[PDB]
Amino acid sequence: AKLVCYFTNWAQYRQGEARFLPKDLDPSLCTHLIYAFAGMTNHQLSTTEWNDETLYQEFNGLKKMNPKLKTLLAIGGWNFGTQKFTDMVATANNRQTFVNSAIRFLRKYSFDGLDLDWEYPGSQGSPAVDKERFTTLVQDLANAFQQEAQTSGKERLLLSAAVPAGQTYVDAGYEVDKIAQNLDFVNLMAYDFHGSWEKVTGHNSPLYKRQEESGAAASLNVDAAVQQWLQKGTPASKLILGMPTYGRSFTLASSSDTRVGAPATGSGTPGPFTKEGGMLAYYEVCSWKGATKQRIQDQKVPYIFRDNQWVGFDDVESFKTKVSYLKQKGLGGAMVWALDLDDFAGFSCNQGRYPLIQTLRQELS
């Protein structure tokens, strides 16, 4: 069973206790560590932070203390955009340029593979033609990795991809059945289902729909997201269920109505450390004094509120429930976004180091 965990390039800038660097990783916590994110320069895989080279060494250096640990480098992300992916996959010449650089890059810093985080083919400015070209990109990487294994005598580089849950994005850019064959595993982003971009309160990652939810809305949940990727061709053993170590917040129209689906004037007050409205790290949520925590019976996930702030998030129980769910579905394991959002150093929730992720590690085995 896999436990895929995401490390983020910018967590090193969080202030005080929240600061996160490779030295803060637990080498046995997860089975696979994915470094996010790498960029692209002239169709070639490239760094995005002044110290990625130094951090790469530290990151992959952990394999010396745990040879079984597998690391991948994730290219893309939201900020990165779609254009560079778009122009790169338009020609066989640029694709080969990208593939060859990836190989050299990965082997150079000792990464075990590449995680594709293009967000997303066929959307966000990306032409619908990118749907098939993405498939072709996946194939080229797979073929090249296949050959490089014999030419180098090293373990075949791994290939994975972080994929959206929404039917809109999935239909627009993913030939599920075709790419699933070539991807070693699929990291399903089963979160961001609801957020401050909606004028009503909703949970970031609920397992099931609300009994009074229907139509498109009844598709905004983990279970529906998993069934879609399975039904479209993803073999269960390759589908990795993503879980959030963060929650999404809202500012209530009135502190008087804290019901799920209650009126929201906007994003919740940004967290002291994460500094982004509408989002909070788990270590910021459990750092709430004089709040009222309640669970959504239907969706199996909690949410808390205080004054006019409302945040739906995941906790030990919810994670335990989703793992239980994951097993019933026979999936390949769990994925986590992100390492730096859980209380990695037990400085806030008084539940020890990595309360959430350690829970996943215990349950998965």
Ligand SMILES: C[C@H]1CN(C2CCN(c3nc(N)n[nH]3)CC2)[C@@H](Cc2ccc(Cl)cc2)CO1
Second form
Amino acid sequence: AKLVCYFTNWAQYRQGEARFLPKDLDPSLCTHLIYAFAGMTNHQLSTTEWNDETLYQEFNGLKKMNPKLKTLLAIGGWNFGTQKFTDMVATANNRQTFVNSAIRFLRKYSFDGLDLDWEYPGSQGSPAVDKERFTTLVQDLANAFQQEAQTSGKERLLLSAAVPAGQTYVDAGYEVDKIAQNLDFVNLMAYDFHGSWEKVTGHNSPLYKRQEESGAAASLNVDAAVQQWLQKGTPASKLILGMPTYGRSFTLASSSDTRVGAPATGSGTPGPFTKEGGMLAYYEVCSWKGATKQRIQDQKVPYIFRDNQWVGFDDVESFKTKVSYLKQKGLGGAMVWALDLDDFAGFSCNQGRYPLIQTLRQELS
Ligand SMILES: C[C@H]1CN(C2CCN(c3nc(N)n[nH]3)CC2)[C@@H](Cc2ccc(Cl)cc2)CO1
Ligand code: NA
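Structure of the form deposited with the named molecule bound (previous: the form solved without the named molecule):
In what comes next, the whole complex appears, and the chain from above leads the way.
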């Protein structure tokens, strides 16, 4: 089984005990570490933070303590120039520029592969034709990585992609059966299913639907997303189930209505460390005093509320349930966003180091 864990190069700016650098990573925790995020300059892979060259060398240096570990660099994310992927995939020449730059850049810094995090071909400004051009990009990368291994004599570079759970993004952007052949594994982003863009509370990452949900709402859950990716042709062994070490928060319209589906007036108050309305790290929720925690019976995940604040998040028990689920489906392992949002140094939750991600490591064993 794989345990694919994401590092973020902006967690180094979090205050106090929440600051996260490569020295905070446990080299033995995961099987694959993915560095988020690289950028793109004139169709070439490029750094995004002043110290990326130094952090890359500390990150890949962790393979000295765990030689089984593989590392990848993720390109893209949710803050990204709106035309960069589209212009790069638009021509064979620009795809060649990108592929050749990726090989040189990954080898220079000792990464073992590339993770594609385009949000998203065919949606959010990206034209309909990018669905097919994304397939060509994936083919071009796979072909060039195969050839480079033979010329260089190194291990062939790995290729993965982070893919959406939402049905309309999947249909608009991905020739699932074609790309799954050329990708070594597929990181399913099984989270962000509900959020403060909605006028009622809902869980970030529920496993199943609620009885009351039907139509399109009945597909806003992990099981529906996994079934769509499998039914469209992803081999089960290549599908890696994403897990969130964060939750999504709401301000309730009234403190007396706290149910799932209760009216909400906007995002929950920003957390003290992550400072972003609507989201909270696990270490910001796990500790709340004077709160009430409940489980959503049909969806197998918890929420917690206090006064007019309501947060859907994942705990040790829901991570255990989701690993049981992925094993029942024969999936290739679990993926986690993100290392720096778990209680990575045992400073908040009274559950030791990495309580959520260590649960995955043990249950996948
Ligand atoms: C706009 C969304 C974006 N969303 C990302 C989740 C990981 N996603 C992904 N996973 C892989 N494998 N690649 N990219 C990409 C989307 C969350 C990012 C987040 C922000 C703050 C805090 Cl505290 C927790 C989380 C919530 O806000
Ligand atoms: Na989605």
